[PDB]
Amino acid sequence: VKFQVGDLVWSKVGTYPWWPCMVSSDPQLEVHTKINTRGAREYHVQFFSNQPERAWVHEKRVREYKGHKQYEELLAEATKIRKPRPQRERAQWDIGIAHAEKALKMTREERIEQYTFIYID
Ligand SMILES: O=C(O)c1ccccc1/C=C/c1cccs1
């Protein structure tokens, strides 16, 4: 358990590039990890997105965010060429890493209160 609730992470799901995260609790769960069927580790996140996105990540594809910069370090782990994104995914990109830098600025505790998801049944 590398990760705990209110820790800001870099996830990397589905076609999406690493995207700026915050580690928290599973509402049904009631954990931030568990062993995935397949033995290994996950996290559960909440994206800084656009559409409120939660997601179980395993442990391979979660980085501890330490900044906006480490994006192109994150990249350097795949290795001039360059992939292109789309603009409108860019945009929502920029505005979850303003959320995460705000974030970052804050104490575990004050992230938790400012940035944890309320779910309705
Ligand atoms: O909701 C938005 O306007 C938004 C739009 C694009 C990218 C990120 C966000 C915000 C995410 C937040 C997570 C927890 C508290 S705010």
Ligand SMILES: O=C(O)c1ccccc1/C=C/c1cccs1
The other form holds:
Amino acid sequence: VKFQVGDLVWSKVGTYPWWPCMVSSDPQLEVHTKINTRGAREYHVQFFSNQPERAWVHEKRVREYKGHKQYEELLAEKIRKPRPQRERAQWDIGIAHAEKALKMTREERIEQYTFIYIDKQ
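Return the structure block for the form deposited without the named molecule; the form solved in complex with the named molecule was the one displayed.
We keep it simple here and write out only the one chain, dropping partners and molecules.
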């Protein structure tokens, strides 16, 4: 376990670009990390965005978030993929939240950003 609740990370999931996240406890499993069905470690993350979403992400697809300018370094891990405008606008919102979160303590971030989960009736 390298990440704890409230840690800021970048996550690379499916078709999406590296995305700013906050590690959090899964509302059902009450853990922020687990070993998956293939025996690999995963972390539970909240994606910063105007659209709250969460996911379990494989540890190899998670990186410590040091700042928005680290994005170029992640791509370096000349040819470049373009990015759709709608997705870029959502990513810019997520980054603005991540940058604000970076200036907070882990306790302040947990209070400010942890999602509220409502059971579907």
